[PDB]
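Next comes just one chain, in structure tokens: the form deposited in one PDB entry.
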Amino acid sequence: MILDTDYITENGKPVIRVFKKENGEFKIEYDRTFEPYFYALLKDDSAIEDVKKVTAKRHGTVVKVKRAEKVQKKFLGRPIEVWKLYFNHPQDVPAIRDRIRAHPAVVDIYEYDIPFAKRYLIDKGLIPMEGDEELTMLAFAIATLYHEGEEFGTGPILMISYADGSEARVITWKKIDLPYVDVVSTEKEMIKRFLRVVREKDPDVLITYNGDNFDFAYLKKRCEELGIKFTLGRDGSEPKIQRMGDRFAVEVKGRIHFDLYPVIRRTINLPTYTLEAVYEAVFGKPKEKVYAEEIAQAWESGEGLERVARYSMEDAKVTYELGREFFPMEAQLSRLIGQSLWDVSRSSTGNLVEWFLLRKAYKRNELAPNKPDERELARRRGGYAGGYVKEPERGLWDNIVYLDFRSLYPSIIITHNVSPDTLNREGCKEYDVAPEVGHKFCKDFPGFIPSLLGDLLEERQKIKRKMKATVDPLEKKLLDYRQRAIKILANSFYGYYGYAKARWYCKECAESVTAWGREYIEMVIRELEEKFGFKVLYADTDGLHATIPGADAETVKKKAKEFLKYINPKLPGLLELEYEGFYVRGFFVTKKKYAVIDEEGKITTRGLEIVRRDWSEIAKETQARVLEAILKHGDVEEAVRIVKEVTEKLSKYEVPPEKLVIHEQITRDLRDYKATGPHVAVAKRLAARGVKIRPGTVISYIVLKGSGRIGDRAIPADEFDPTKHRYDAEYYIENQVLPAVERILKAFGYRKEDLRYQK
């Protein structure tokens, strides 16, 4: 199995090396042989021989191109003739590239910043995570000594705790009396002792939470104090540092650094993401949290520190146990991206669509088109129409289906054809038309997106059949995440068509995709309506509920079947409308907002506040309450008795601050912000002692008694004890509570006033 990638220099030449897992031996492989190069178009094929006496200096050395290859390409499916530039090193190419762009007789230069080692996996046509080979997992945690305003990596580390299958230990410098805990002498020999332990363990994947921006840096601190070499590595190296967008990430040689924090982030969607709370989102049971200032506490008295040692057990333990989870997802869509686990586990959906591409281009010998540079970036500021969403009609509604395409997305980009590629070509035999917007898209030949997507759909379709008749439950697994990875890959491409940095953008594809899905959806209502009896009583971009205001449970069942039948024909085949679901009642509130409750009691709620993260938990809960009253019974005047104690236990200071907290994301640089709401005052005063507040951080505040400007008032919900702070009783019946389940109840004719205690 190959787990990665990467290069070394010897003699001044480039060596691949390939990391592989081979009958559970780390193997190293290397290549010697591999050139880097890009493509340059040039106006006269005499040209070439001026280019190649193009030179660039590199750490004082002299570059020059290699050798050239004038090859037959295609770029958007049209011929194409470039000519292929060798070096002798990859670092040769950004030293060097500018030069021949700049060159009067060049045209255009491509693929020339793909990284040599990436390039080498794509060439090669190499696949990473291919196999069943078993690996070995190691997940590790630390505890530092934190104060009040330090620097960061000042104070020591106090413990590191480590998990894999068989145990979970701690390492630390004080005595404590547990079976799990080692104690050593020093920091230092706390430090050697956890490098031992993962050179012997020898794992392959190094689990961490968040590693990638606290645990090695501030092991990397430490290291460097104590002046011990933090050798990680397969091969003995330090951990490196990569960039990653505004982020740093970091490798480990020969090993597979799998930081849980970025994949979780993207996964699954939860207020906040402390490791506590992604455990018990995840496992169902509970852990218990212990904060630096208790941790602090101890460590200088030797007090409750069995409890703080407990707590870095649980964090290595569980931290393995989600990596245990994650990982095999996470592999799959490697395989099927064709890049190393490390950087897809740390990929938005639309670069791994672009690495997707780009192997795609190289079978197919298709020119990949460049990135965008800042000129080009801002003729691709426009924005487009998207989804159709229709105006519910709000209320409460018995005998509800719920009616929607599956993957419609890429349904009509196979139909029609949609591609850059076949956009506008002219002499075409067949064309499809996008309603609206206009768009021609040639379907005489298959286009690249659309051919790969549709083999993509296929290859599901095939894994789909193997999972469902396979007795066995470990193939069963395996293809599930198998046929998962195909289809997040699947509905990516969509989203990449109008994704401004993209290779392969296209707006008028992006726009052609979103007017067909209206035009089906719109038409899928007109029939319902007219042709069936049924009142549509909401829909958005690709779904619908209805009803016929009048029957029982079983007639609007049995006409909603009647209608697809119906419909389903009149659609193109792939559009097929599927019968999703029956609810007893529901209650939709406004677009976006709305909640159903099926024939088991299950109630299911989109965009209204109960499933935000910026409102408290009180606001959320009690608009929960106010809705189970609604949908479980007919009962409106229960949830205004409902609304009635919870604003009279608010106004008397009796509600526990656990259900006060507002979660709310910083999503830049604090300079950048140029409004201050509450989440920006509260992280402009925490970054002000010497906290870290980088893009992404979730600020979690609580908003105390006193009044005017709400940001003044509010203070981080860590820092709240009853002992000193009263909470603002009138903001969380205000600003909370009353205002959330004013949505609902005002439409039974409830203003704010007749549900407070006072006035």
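Numbering follows the first chain given and starts at 1. For the two forms, the rigid core is made up of the largest set of C-alpha atoms that agree within 1.5 Å on superposition. What changes on going to the form deposited in another entry:
With the rigid core aligned between the two forms, the listed residues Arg465, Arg668, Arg364, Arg78 include just one Cα displaced by at least 2 Å, namely that of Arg465.
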Second form
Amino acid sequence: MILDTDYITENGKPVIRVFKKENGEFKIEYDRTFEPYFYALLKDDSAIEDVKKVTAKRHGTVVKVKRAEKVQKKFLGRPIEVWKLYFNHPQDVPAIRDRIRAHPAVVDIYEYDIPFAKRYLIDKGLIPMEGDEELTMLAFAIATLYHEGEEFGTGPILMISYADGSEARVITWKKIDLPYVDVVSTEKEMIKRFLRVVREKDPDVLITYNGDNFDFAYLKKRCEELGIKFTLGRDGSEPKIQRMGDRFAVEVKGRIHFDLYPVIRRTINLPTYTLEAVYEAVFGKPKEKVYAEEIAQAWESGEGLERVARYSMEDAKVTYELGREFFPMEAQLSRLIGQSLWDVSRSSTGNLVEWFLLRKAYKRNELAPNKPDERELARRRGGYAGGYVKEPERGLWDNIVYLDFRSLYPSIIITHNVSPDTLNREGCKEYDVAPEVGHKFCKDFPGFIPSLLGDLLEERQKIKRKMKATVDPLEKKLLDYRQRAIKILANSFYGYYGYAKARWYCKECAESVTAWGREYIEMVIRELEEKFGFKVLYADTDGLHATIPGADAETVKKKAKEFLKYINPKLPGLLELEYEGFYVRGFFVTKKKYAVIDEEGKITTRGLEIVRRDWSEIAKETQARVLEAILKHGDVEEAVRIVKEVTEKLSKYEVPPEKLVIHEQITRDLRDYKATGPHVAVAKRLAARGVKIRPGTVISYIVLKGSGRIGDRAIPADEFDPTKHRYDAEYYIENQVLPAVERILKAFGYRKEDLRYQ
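Following the display of the form deposited in one PDB entry, present the structure of the form deposited in another entry.
We keep it simple here and write out only the one chain, dropping partners and molecules.
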């Protein structure tokens, strides 16, 4: 099984390394034969003789074109003749590419920014993570001596916990009488023992939770302070701390550093992403949190360090269990994209689509278009029309069927051959013409992306079958994440068409897909309501809720299924409308916001404050209870009583602060907020107190009693002292609870005055 590639430099020449696991043995394979290259398109071939003479000077050594070779390739399906320029070292390509491009005979250059080791994986047809090879894994975590406002890493590490399938242990340097603690003499000894555990266990995978940004950097700093070589690489190397935008990522040569946070952050939607909150969300069970003060208070007194050791051991054990659950999903994406698990687990979905396309283009001899320059970016700025959203019917409806197209946009792309290499391709036998926007797509030959999307859909359907048949609820949920992941990837091929920085950008493709989408769903709404007696209650892009007014549950189900058998034979290609759900009762508040209840009594909520991380829990809890009373008990006065009870508790300061916290992400550097709302105001004030705030920081705040700008009374949630400050009851009533529940209860004739406390 291939894990990763890189290259090293020996005597000026690049040597590729393939890291592999085979029959239980770790192997490094060296390849000295691979030559870096890019392509130049010339005004004509006589110019190759002058183009070959372009040089560049890098660090006092002359970079030259090693060898030029004329090749025939396709570009958007059309023959093209380009010159393949070979070089003696990968660094030669960035040193020379601008000067090759500036040559007056050179129309353009291509495939000049592809990292050498990834170029090798693609060109040699190598797919990481293929095979039945069983890989060993090891999680670890650290506990540090923290005091607020010191520079990063000034405090000693106190404990290092690690866990695999067989054990979970804590290494520390103070006496804790627990069976899973190993006490050693010093912090230096603790780290050195951790290093030996990893050398001796020799895991293929190292699992952390935010190791990219905290754990490895802390260890590195302590190793520097104590004079330790931080050997974890299988080749003796230290961890390599590469930059990724505003964050970092940490590589361990010969192993896969699997940092869970990026994967968790993009898979699960939570208001905060503590390890405790993630563990609870995945496994449905609590994890205790011991805080930095509690840690420091224990360390400096000697007392109650058992709890700290327990907390550390659980960190590692939970990190391991989370790692085991999610690794198969990342391994599969790794095989689908053809890049290392280390890369795919950290990559944006945009880069994944691009890397997939680059590989497939190589197999097809399709020259890749370039990422756009600033001028082309500028001319790509226009938007385009998206999906149709029907304003919902007001009120409480019974016997609601939910119908929804399977993999709609990908299905449109394949069925209508929507691709840049088919757009307005001239002199063709057959065309599909997009409605409204008019773009013509040739059907004579399969388009590049259309030809690739099917397998993705089949891969998703294969997972979905395994899911719906899987009994164990935890495995079923992880299979649900997995099938959603392949679904999001498939739809990201559509979105890639309208992505400004995309290589195979094609706005005409993007807007053709949405245009077909609007026509299909509006045709379904029309057929249902004009011919089959349904009332469509709500509709969003490719799905719809409908009922037959006055009909019993089984009549609606029967007519809905009859409609599916009437409509689907009339749909072209892969287009299929699916029966997705039936709800005995349901309520549509506005576009994007509704709630239904199935025959088993489960309420499904969309878009309502219940669902959002940025509303307080007292607002979301109360909304949930109101919805249950209405949807499950039919009882609206209970709902009203519920609200009136909660507003009475807020007034009397009888609601606990936890339910008052608002959570909002900082999404950008603090300095380029054009407007400063509460979470930004809090952030900036923490920033001024020397706290690192960066994109992805989740601000947690509570609004104190006062008047004026909310931002002037918002404080960090952890600073709310219920004795010294009092929360702003009026704010939580009139700005949190009542807006959330009034949007529901107004349907029943209730006004806010009906809901407040005396």
